[PDB]
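Note that this complex is displayed minus one protein chain, with the remaining chains in position.
Read from first to last, the chains carry the letters A, B, C, D and E; within each, the first residue is number 1.
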Amino acid sequence: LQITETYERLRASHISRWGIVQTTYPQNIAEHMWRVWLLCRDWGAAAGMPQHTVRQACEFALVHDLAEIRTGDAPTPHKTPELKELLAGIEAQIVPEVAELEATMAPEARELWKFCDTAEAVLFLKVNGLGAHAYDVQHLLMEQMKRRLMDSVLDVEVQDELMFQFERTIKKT
Amino acid sequence: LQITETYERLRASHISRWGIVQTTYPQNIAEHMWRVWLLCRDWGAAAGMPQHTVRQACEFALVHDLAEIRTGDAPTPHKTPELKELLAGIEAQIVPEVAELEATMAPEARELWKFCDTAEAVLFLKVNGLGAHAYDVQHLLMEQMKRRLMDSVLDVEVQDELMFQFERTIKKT
Amino acid sequence: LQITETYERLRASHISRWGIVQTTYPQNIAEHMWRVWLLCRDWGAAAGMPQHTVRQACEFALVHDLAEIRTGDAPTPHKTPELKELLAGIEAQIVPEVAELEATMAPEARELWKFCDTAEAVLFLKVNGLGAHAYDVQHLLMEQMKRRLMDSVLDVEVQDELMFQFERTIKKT
Amino acid sequence: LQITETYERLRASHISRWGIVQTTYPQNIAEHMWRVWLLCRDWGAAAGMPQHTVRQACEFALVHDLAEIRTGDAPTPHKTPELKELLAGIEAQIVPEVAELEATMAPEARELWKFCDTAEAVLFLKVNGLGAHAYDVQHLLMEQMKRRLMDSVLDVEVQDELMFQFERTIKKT
Amino acid sequence: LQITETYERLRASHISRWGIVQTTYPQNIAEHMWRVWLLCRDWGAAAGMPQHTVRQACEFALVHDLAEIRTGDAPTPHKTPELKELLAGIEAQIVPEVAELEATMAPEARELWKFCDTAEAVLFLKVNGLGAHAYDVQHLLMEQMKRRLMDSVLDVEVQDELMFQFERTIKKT
Partner (left out) sequence: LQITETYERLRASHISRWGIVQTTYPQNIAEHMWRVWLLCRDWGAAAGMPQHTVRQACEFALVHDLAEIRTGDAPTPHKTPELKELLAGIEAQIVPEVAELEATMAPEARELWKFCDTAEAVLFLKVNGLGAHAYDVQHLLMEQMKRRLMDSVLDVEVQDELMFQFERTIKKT
C-alpha cells in the first residue's frame, strides 16, 4: 500500500483529474501540483505573508495529492465527512510523509494552499471545461473558494489581495 | 445526491475510467457498459446459460456503473472491504434502481457479469494501455478474472466455454 | 463480410463518428449506442409509450450501427435514397440479425428510436462540436428531428412530451 | 452538393481517416494528401520517371480526396465495384475538377500515385495503429500495394526502385 | 544536419505547431502546409494574379516549413531580427532546396504566400484555439496580416480581393 519508490511517484503524471467532468484533455496531478505551487509562491508573496508560511504552503502543494497514485482522484462533492475520515486514514498509510506535513501545516499556510488549490481548478476549467455541467462546476468552485476564504483566519487585507490577484489572473486566462 | 434526470445519466460519457493508469485515451463508462453488455450477451449464449440468466446479466451490464456519474470511477485495488461497504450505501442512495437490480441478481448472472466486466478491462488495456504499470495491471486483472471464475458457482463446462471464448477474443484484439 | 465474432463486435469502440465534422474527440459507436439506448428507455417511459414499444426501440438502439464495424460511419447528407438502398442490402449481409430486428420494428418504436438517435447527436455536438460548420450541423439535425417527429405517426401528446424532455435535457447539457 | 468555396476546401483538415481502425489520433485528409504528394515527388524522381508523369501524380495527390469533405472517408474493403461506381458519379458532381484530373491521368502517373497512396497508409499505421486489427490492416495494405505494383504497366526497374525506397523508408519510420 | 531522406520529410506530420498556445489538438506542419497551399491556389486565382505568381507561391507553400523537421516550430514573437538571421543560415544548410526557392520568389508571390500563411493560422485558431491568450494571438495575427498586406507591393485591387475572400472564409469557419 505505501508508496516508497520513485517509479511510483513519477506516475503522478498518470493520474487523471476531473473524472466526472468533460474537459478538452485529461489533466494530471503533476501539472496540477506544479500550478498550485506556483500560485502559492506568487500569491503568498503578493499578499505579504511571512516567508515561512509561504514556504510551508509551497512544500505541501508539491506533494499534497501523491496518495492519488493509489486512490485515484475523486470528485469534491463525493467527499463527505465520513468518506474523508476513511480516506485520511488510508492516505496516511500510503504517504506517511505527506500526512506528517499536513499535520504540521499552520492554519495560514493551509488557507493559502486551499485557496490556490481551488483557484487552480477554476482557472483550468475556464480554459478546458466543456459543456453546461463543467461551467456550473467552475462557478460552484469559485463560490466555494470565496466562502472558505472569507470565513478563514487570514486577515481581511490578505483575503482582499488574494481575491484581487485571482480576479486579475482569471480575466487573462 | 440521487440521480433522477436524463441529462445526468447522459453524462455516463463524461465519466473517465483508468484514473491511475496511463492509456491512449480516456475511456468512458458508456462505451465500457456497452462492451460489457455485448460480452454478457455473446458469451452467455455461447456458454449455453439460461436465457433468463443472460438477460439479467445484460440488464445489469447496461446500468451497473451509473453511480459513478456522482462518485467517479475508483481503482480496484483501492476498493477494500471497508470502503466498498461505505460506497454501497452511498451508491444505493444515488441509484436506488441499480441497487435493487444488484440485490435481485442470481449468482450465475452475477458471475457472468463479473467475468465480462473484468474481461472487457483486460481487452481494453491490451489495445490502449501504455507502459509497464498498465501492462502489469492488464495481467493482474486477467489472473483475478480466472481465479474468481474458477472459484464461482458456474459449472466447469460453463467456466471452460467462457475461458475458450475469452482467449480466442483477446488473441484477435 | 458477415460479422460473426465477439472480437469484431467489440470493435464498435473502434468506429469513429463525425468523420466530416470537427469535434473535441472522436466519438465511437459504442458510446453513441449506449446513449441512444438510454434516451429510448427514459423518454419512451416519460412519454407513456407501451412497454413493448419502448423495449423494441431499446433493443434496436443497442445494435443498430453494428454494420459500421465494416462499412464505417458515413455522413447523413451523403446518404441519398440510391446510396441507402445499396447500403441496406450490404448491411443485411453484414448483420442479418440487425436487419431482421429493423424489419420487425413497429412504426412507433422506429419513431422513438429515430428521435433519440438524432437527439443524441445534437446533444453530443452541443458539448463537443467545434467551429461554424459543426454549429450549423447541430442546428440542422435539431430541425430535422423536429420535422420528422411532427410528421410521424406518434400521437401529438407523445410528440409534445418528447420535445419537452429534449429541450429540458439540452438546456442542462 | 458541389464544393465551390475555400471555406469548404479548408475542411480537408476536418475529415478523419481510419474510421474503422483504432489509431493514436484521428489523421485528417490534409496531412494525408501532403504526405502522398511528398512520396510522389520524391519516389517518382528516385525512380527516374518522366517529369511530366511525376508532376501529374503530384497534382492529383494534392486534391484526390477533396470529395470526402462531403462523402466522408470510407474503408477500402467496403468499396466494392458496385459502390465505387455509385461513388464515382457522386464524386464527379462534388468535385468536377478532380474528376477531370483523374480522367486525364496517364497510367504511369496513376500507378505512382496509387503506390504512394497505399504506402502512406502503411507508414501511418506503422507508427500510429493500435491493436491486432490495425496490425493486420497495415500488413494487408502492404501486400495489396505490392501486388498492384507488380501487375502494373510500370517497368520492372521502376517497380524495383519504388520497393527499394519503400522498404528503406518504413525501416526508419 | 541536412535533410536528404523521404523518411525524414515524412516527419512533417510529427512536427507540432502552436507550442506556446493552448489548442484542442496539436496541429502538424503537413496539414498546415496543405492548407496554405490551398489558400494560395484559390485566393491567388480569385485575385486575378498571374499564373506564374500563383504557381510560385503554391510551390513554396508546400515546402516552406521543412526545416522545422530539425529546428522545431518556434513562436512568431520570439523570432526577432537577430534570431531570424541565425535561423536563416541554419535553415539554408538543413534544406538548401527550400532556401533556393525562397531566394527566387517574386515579391508578389511572397506577399500572397505570407498573407495565406498568416490567414491559415487565424483560421485554425478560430476553430481550435482555447482560452484568452489564444484569442489574443488569433486577433493579433489578423491585425499583423492586414498591416503587412496594406504595406505590400500588391495592387490595392488585389489587396481588397484577398481581404474580401478572407473575411467571407472566416465567417464560415
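Note that a residue touches a chain if its C-beta (ideal position, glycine included) is under 8 Å from a C-beta of that chain, and two chains touch if they have at least 3 such contacts.
Across A:10, A:88, A:140 or A:150, the single residue that touches the chain missing here is A:10.
Per the touch definition above, the residue from A:39, A:49, A:142 or A:158 contacting the chain not shown is A:39. Touch with the chain omitted from the figure is made, among D:52, D:147, D:148 or D:172, by D:172. Interface residues of subunit E facing the missing partner chain: 11, 14-16, 18-22, 26, 68-75, 77-78, 80, 82-83, 86, 90, 131, 133.
By the touch definition given at the top, subunit B reaches the unshown chain through residues 22, 24, 130-133.
Mapped onto subunit A, the interface with the missing chain covers residues 5-7, 9-10, 12-13, 25, 28, 30-31, 33-35, 37-39, 42-43, 62, 123, 165, 168-169, 172-173.
To be clear about the criterion, only the chains that are shown with their structure count from here on.
By residue number, over half of the touching pairs seen at A-C are also found at C-E, the match among C-E, B-C or C-D.
The geometric centre of subunit A is 41 Å away from that of subunit E, both derived from CA atoms.
Shown for subunit C are the residues that touch two or more other chains, namely 22, 24, 131, 133, 172-173.
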